[PDB]
Amino acid sequence: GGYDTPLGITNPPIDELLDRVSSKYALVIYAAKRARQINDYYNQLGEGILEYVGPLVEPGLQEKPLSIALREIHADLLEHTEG
Amino acid sequence: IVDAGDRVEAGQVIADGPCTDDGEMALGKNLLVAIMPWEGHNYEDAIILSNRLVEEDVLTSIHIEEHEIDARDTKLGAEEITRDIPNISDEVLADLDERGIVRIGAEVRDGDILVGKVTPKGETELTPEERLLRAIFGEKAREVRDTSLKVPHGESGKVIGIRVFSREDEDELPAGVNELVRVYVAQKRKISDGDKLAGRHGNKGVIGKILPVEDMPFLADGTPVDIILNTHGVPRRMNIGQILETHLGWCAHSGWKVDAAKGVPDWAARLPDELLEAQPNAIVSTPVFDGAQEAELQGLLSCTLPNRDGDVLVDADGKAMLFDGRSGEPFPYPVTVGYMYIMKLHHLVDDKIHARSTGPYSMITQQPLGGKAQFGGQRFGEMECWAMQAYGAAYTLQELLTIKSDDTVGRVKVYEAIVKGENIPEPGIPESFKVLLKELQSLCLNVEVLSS
Amino acid sequence: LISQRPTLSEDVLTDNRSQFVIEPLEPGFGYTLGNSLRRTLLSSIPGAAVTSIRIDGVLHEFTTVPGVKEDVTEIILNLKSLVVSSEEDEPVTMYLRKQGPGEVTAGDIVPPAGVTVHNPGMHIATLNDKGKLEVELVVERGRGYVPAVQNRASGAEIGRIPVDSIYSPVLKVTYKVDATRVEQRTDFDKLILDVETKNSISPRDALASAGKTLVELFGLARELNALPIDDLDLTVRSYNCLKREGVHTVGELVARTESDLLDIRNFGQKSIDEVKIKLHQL
Amino acid sequence: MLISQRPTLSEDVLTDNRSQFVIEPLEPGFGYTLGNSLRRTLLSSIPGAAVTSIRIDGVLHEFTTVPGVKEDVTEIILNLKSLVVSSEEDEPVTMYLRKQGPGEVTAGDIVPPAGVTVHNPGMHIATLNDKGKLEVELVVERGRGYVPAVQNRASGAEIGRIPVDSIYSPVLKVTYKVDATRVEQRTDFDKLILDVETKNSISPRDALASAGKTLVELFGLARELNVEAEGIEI
Amino acid sequence: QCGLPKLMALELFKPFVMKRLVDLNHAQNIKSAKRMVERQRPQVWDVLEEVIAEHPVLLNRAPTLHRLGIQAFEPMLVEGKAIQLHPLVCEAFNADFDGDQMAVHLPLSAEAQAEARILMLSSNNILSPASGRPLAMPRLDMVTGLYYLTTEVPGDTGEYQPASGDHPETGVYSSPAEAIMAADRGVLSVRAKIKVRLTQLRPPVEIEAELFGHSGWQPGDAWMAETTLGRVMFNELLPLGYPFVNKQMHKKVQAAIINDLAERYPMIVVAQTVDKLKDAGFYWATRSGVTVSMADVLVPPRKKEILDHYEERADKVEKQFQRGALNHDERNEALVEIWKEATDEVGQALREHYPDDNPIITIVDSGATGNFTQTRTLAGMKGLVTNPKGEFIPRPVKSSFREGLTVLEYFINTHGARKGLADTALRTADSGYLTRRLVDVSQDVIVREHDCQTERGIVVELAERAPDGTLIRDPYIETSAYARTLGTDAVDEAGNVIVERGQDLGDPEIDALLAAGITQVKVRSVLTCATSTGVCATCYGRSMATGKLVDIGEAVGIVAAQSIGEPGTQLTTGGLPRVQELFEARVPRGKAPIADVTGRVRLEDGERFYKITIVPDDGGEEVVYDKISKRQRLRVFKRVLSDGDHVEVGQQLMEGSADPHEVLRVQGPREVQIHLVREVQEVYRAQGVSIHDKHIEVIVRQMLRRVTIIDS
Ligand SMILES: [Mg+2]
Ligand SMILES: [Zn+2]
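Protein chains in written order, with the authors' numbering: chain E, 27 to 109; chain C, 689 to 1140; chain A, 2 to 226, 595 to 651; chain B, 1 to 234; chain D, 440 to 1011, 1025 to 1090, 1097 to 1170.
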């Protein structure tokens, strides 16, 4: 908590993401799958809503799905099962 | 370099060439140089320069590039150079004369047309959509395909002159070619960050940052320094000769006079005559091995007659007090300043910047081409693959190998997804692997793939 | 422990060079003040310069005019050292025509009224018997350094030759400080700032412009911090007086005092009484 | 001319008396020009009152410590130096603070005469015990900037008069930096960031305004020589 | 962050910006979007910035010697055509700004983007995987500036001197703000020792304990620090919770403190601290007043007398040779040794005379550039110059570069320089081939499971004892002991358990073991991992880059191969050929016979081929070694080799290099593992490169995975 406000890409601190997941590769797959779901929801939103759910946190003006997903992970809003 | 009435003897220089001044080779310019570090913009062999070098055109070069295109007879007839290009706008033809060649002196930029040449293509397989477009816009036959000469992507400039060759005018050409046109394009390239400057002692360096003239160190007289080099590169590389040259250049620029009130000093005893008194901005020659001694140069630095008023900016040991151009406080310790010969090398960033999103591909294997002649494509080699594997990131390696290089359907689908907004699709089988499989099969080797 | 206001003095050394003394100042303030003044003078002093030229016999900068020993590019570079002073903001055209064997300088160029050339003795080119020079220079105001504007940016023809512009009449600015540093804490910094301009503006005026520019941003920092009388049911004489003379509303009556209203001739005592009681009421 | 926009300053507070100012957008190269001058003006232009010399009975030439209290002469000088005062009169005022027996001698037991104020009485100064008897005489005067201790002229009259450094400037620590926001579209202007920490006597906003009128009247003295001048509009 | 050219970024992100500008209705369709992108319309950069925003892009410089040679960054748009790199990643990239170019690649999908922005972020890669030392150190200029800011100059302006009777110490400051005010005035210097009151920085452990008792909530309270203003500024740059350092900061000191930060602080905070340190060092480098001039380099006054004395000695030995008392080889050896003595004396005189404030000495001592051999060659005399055959010319170069060289002196110097320039060019390709072979042989092993639950391990010396009785620290502990896992519990004299099994065995654990007094420690290594495929995490040990235990999918083999192959170009058979022959398991050129049985030795000086016999101390058989060369000396052990000295089963009786196959066949696989690891480590460390033992252990484990069948 001694750090200052992170800038840009490192806005969600990497360590705070690490303690919520098993390992770095698991975190990467976490973020990738969530970004895939969010992008699918964004593309398909015009038609009937499918099982995919949009961003749980409030998206920014023009925010990347990957960063939105990482913010969701930091907020502790999703759960995963490993292989 | 001569006048209208002066006499000239045999062997005298009459006109100077590209890198010659008054008949002697001059590959660079004399710049006022300080050799202290500055804010890290000169960190690790980087070089800092004033904006007055950009302004006064101190370091500018004329670069002329030629472009060639020829009209040659083909099985379908003879391609012709003409300003009548089918299905093109009218504004783009403004710089083309009635001959179809860009007018001399017309400024040109990337993507423009230099020579208007069209070839007889007749017709090919027209898709139903193309037929509909032709028949709805009421286009005429548009019987020819315009393979006109366009400027290469990444440069611009003015047009100097045009040479036109045609076999109808007795001009000899290679067999099959009835017209040849070459267009000369020149750019007055200015100094910029990324360009490579160098000295005469192997102290090369790129330009980290071009500073405003106000925000640079300046002596007590107010003259800003023209170039700043880091001080950590000199002692490590053992090129003290550059500092010796800097001191001697400052001495020559300032001028000197040895006070022979009571005989010449001991260090100047063996110093040749006509060297005891030099006017400001004088030129001196130092032979490589019978050069100026350290004691002689120290004495010359000692006698360093003032510039305009009574003021000796440079002290006995060749240093001076500099005022910081940003904070304004005087620098705590004197730093060495002088005049150094700096040359601009032929490593301009304009000739090295390259980028590619999607271009041509090779025939045998579908990998992208290489080099700035084509559209390029970076070489992701075995060492890069090893680093990718060491990082543990498999998806990026799979993408760099499959859908960016070889998989044709992968490339098409990834472009379609990236334009339509959907996520990137799954990579497929690279074409190079299939090529290798067929090559192995051609060697009478029964190689196959088993799914279970 | 100095509380008196600072003061400014000027001392001219030459028509261009000059030396301004600022005193007294707080200790350490002199260096920063001189640096700020120098940085503003060297960058943000408006001036005027020639931006584009045109020779009849050329089409681009990389040609040669027939008959003149000088080249086009080196003629441009020689023209780079021209100092001027314009009074009109819009682009202004001046002409230079010479013919015959001679050294054409900046004294053979005719400036239209409202602008001034200041260095006519500077060398431009050298011609021969067949030499003939005819050029047109377009000049505009500005500030700082502006590179050559692209020909395609404007509606310029082939013959127009864009040239770099340097609107900077300040040539060389430097400073020094004299510090007392006395043991009774009456220590002050006397700032001596010497300025030299390229004969196009007085350094006095250059510092005036620099000061105006500075006080712009520093003042930005500062600013943080009715009825008509007849409607009163009056009588014959009062109605006649207000109609002939032109007094219409009771606003002017409540503005006018008793002395200012009793000045009228043939004034009625009943009118005075009613105006007094009605001003007491309303 | 015109600067194509309106350069403005925006302030956000961090503590009770500590602020960050952002001035944006300026002409290129003006960030340092404003920042250095503003920092110097804040540091050494704001008038303020401070302690100059002290005199404590019980010590004449022994400077190691004083009886009763446990904090020695150097530490007590440090605490008195780190004390904020405000005086409305130029001449040096004299303060007296006396305490007896065990206790926590703070700035609240001081007695200020009329026209002078102490802006934080809740400052620990001394810890007296064992029949402690503390009596401190202070000299408070108004100046500007930071002034090192001056050798006392009244050495014969006041042998025990120990001079101390004077923090005349109300501001404590001011720093600045520049950045190059909006480089591509807005042709690379720059923004200036100031971080100001001051005593509780005055606030950063009016401290900046005071530096403002100092600099404005200085440069107006400079400029009020050729009124017909050409510059830039906001 | 990295600065990307706007034209380069536009070309790279062309489909992205085209789709975005079509969405923003700037163009009606993709054809118009492409047209306006190609013509570079003004309405393109505004959307290009939004497209670029927070999209990771990865830079790479050829060759990629190790894993850190290709790193991801968040790009901005900068006018120009040159990529702006952060100065700190220069060490990791092995990149300098003399003209070297870099390439850039764009990750497209969510998987690739997440991988680049998580695994490959530069701020996420500080420590070197090979040696654990951080690669984000402040480099030359930054360490010079920090050294200047931190060094304490006695008798400087504004110092603190205690006084009494007339005035107090008049050198004590109430706050760092007052100290900064004084430094702004001329009264106080940055490098002047004073006493100040600190209310934010934690004091060192000793004073903190002895002053505040148990509770050390110092960033709230206040204390007195006897130090310099520069050290106060440095500690302000450091994180608030870090204890005060109060010492002049060498490059080694900076490495130690940054390593400690990475050990016990978050990655984000250590990256921010490194950035702040870089900024401060760059700011203070200019004010250090470090510059090189003609007067800065000084010559020793005793140089002429020393040279005359050694020339007299050379004349004496030359006359003795002329009399016929010695041959040309003896004359050359005598001249070489006397001129080496002359060079040493001249260097010592120069060091003694040279002041400690000169810029050259400051740069050399701060750890930024070069060293004293470079300094002596610059000012002093270069000395012996190599022949093109590698020999030494009897006549050395008496002058120096400061005074200028003569024609023949420059000729011999050019001889040596050309030889070096050719050998480095060959060595680059040789090292590339070596690392290619290493990675191709070691790509098999990866971490496959958390723990294989084995018990067998490796014995580590861990600061062996001394004859007088004490625990002298082993010179190589960070290479071997640090970042490992315990195989068995550590007990001192069958007493209390010091550190439990399965521990990371870091600095506190090693300190506790040394305090207890035990040296031989059992450890878990990949050489004895019981996993069928790959290795388990615990046996491999702590990941030596991230500072924690390795993950369950790391390519440890590839990491080890890259770590070993990266410093090859720094090597200079006792170098790269030696390590290549060690890794190829060939018979060494200096074949040293190995003993075959513990027994008594008997040695006879034969006709240039000695005869060695080992008689076993049991009912064994006398072993014989006959065909040897007289050029090889006699190996020393225990002392010196003596005839009749009983020797062990595997004692090397001859100096040189033993045969790996023979040592394996005579002392099992554990001894050959020890021999290979020690030989490779000593070859690498003889040049100044530290590599953790686990990489060589992985390579050796892959070496020894087979068995040769004797009977069908
Ligand atoms: Mg380099
Ligand atoms: Zn295991």
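Watch out, some of these pointers could steer you wrong.
[Said to hold, decoys possible] Derived EDC-like pairs: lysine to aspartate or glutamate, alpha-carbon spacing no greater than 16 Å straight-line:
| hint | chain 1 | residue 1 | chain 2 | residue 2 |
| --- | --- | --- | --- | --- |
| 1 | A | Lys81 | A | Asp165 |
| 2 | C | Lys884 | D | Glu608 |
| 3 | A | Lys81 | C | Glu827 |
| 4 | A | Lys81 | C | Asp691 |
| 5 | C | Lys897 | D | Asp783 |
| 6 | C | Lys1032 | D | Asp537 |
| 7 | D | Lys634 | D | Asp605 |
| 8 | A | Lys70 | C | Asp691 |
Simulated from the structure, these hints should not be mistaken for laboratory data.
Structure-based check of each hint:
1. A:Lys81 with A:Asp165: holds (8 Å)
2. C:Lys884 with D:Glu608: The given pair, whose Cα atoms are some 56 Å apart, is violated under the 16 Å limit.
3. A:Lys81 with C:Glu827: violated (53 Å)
4. A:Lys81 with C:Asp691: violated (23 Å)
5. C:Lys897 with D:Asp783: violated (43 Å)
6. C:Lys1032 with D:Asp537: holds (13 Å)
7. D:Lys634 with D:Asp605: Status violated; Cα separation ~20 Å.
8. A:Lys70 with C:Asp691: Satisfied, since the Cα-Cα distance of roughly 9 Å is no more than 16 Å.
Violation of the numbered hints given earlier is confined to hints 2, 3, 4, 5, 7; the remaining hints are satisfied by the structure.
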